[PDB]
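For reference, the chain that follows is the form solved without the partner chain, supplied as C-alpha cells.
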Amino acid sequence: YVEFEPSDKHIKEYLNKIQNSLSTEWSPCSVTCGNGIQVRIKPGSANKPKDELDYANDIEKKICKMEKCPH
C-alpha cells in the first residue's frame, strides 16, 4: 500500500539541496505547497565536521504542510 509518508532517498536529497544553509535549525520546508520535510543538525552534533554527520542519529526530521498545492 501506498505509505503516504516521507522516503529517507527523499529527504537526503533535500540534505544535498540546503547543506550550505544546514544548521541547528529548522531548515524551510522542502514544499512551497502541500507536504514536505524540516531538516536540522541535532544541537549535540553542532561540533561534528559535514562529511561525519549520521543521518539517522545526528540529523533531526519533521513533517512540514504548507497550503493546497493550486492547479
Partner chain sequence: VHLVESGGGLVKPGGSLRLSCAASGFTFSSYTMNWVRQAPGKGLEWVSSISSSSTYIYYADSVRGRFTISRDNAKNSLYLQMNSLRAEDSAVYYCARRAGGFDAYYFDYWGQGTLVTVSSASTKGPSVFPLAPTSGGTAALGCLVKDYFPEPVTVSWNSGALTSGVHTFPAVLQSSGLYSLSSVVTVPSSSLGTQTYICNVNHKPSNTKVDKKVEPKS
The other form holds:
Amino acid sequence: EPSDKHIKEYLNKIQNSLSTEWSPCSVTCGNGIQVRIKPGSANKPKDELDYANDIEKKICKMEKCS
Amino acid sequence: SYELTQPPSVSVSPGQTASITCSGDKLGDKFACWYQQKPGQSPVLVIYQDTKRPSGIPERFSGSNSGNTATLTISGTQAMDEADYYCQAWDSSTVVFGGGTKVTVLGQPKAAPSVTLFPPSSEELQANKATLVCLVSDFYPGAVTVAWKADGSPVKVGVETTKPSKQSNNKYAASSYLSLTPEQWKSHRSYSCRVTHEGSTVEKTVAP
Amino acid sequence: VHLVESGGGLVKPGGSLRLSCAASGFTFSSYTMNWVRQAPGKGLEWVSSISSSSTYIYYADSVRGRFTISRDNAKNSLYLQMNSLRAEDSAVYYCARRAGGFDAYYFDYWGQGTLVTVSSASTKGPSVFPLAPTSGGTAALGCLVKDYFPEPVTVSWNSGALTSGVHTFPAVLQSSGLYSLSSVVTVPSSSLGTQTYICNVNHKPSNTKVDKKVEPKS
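Return the form solved in complex with the partner chain of this protein as a structure block, the form solved without the partner chain having already been given.
What follows is the whole complex; the chain from before opens it.
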C-alpha cells in the first residue's frame, strides 16, 4: 500500500502544482498515488488544506522497474 | 509523538560524529524537524521533513527517521556546533518539541580572559553611590574565579558576580560588581579585581 | 523575512498582557502563524497557532482557556492576549511562521522574542552612569545600567551607528532583586576627546529610555 507518509511526502513535493485535477503518479516503479484537491475544497486557502478532508487519492501502478 | 524524548546531553570531540536521537510512539509516521539554538539567540531550523536541509545549513548536518526514532547526526562536529538541539513533530495539530539536547564539544583550546575594570563615575559618586565594574571576556573553559581586594586584602562583602555565559565566538563572558559607599571608595588607596583562570591570574587595579 | 515581537514586561500574578508580532518581507496573509515560548534555561513549548483566515485556531493544554491568539492580516501583525497569568508563564515568547503542508509542518522563521515576567515585585527603571575611558590604539568605554526590574534592557551606541567593538554583558541579579548590566565599546584612543559617545539604553518594561553621553574622565 502507498503509505500516508509517502503520500504526504509527494503532496509536499508538488505543493506548487497541486490543483483540482489529478496529478501524475507519485512513483516510477511500484504502487504510487495520484492526488487532487476535492471539488468541495477548491476554495480553501493553501495553508488550511487538510490531508484527510481535502485531498482525494487514487492508486496508480508504474513499472519502470528495470 | 505527543511526548518526544531526547537525551539531555551529548558530548564529542572535534571532528567525530555527534548523534542525537528523538523517540516517540509512531514517530516513524510523522515528519521530524530539528532546531539549533545557541545561547541568547532564537532557534534556527537545521533539518525539516526528516531529511531536508535549509539552503544555508552546512552539509555536515543530516537527519533520518526510521522505526519510531528520529536522529540528527553532525559529521565532523566543530566547536561552532555547540548548542541546544530540539526535535519537533506534529500530532493532532498539537506541536510537540522534544526536551532539548545540549551538545558539548570536548577538548577545545584554552583561552585566557581579558579583564577591564572601571572605577565609580563622578556622577554616581554625586548620587551617594559607588560601583566598581569588572568585566571578563573571551575565556575558555567557562570556569573562572573573580576576587576583589582593597589595599591588597581580600574583600567579599558587597560583591555580585555572574555565572560565565557563552559568547558569539563560543568563548565565555562574566562580570563582577563591587558596591561601595563613596566613603569606602575614598578610604582605600586602591581596589583590585583578580581573575583566576586555569591556574593563571590577571589582576587590574584602580585608585581613587 | 522579519518577525518582531513586542509587549513583553512585568505583569502581576493573575494579570493580563497583550503581545504583538509585526511581520515583514512575505505575504503574511497566506501563512499559519504560531506562538512558542521558552522559560529561562528550559526548553521550547508551543503555545498557539492561527491559520491565515483565522478559521483554524489551536492551543496548548497549558494555556487553553486563558490565552487568545488573533491576527490582523491588515497590519501584517499577530497578537497573543494572555489572562490569568501565573509565574509558570514567565518566558521568552517567540513568533514563528509555519511552513510545509499536510502534517509535514515546520517553523522556518522565528522572531527574536519578547520577555514576559510574571512577578509581584514592582517595576524599576534604570540609572545609567558613564564608564569613562587604555590599550595602545584602542580604549574601552562603557555605560553602567544599574538597578532595574524586570529584564530586559537593550543598549545601542550612537543610535546604532556604532556597532563595531560593542559588547553588552549579561545582567547580574543582585541580592537586591534588581538587575544591573554593563555595555562596553572598544574605540580608538585617537578620538576620545573628539568623537561623541552616547549609549542608548532602552528599558521597555518601565517605558524608559536614556541617551547617556560618555565623556573622557575629567
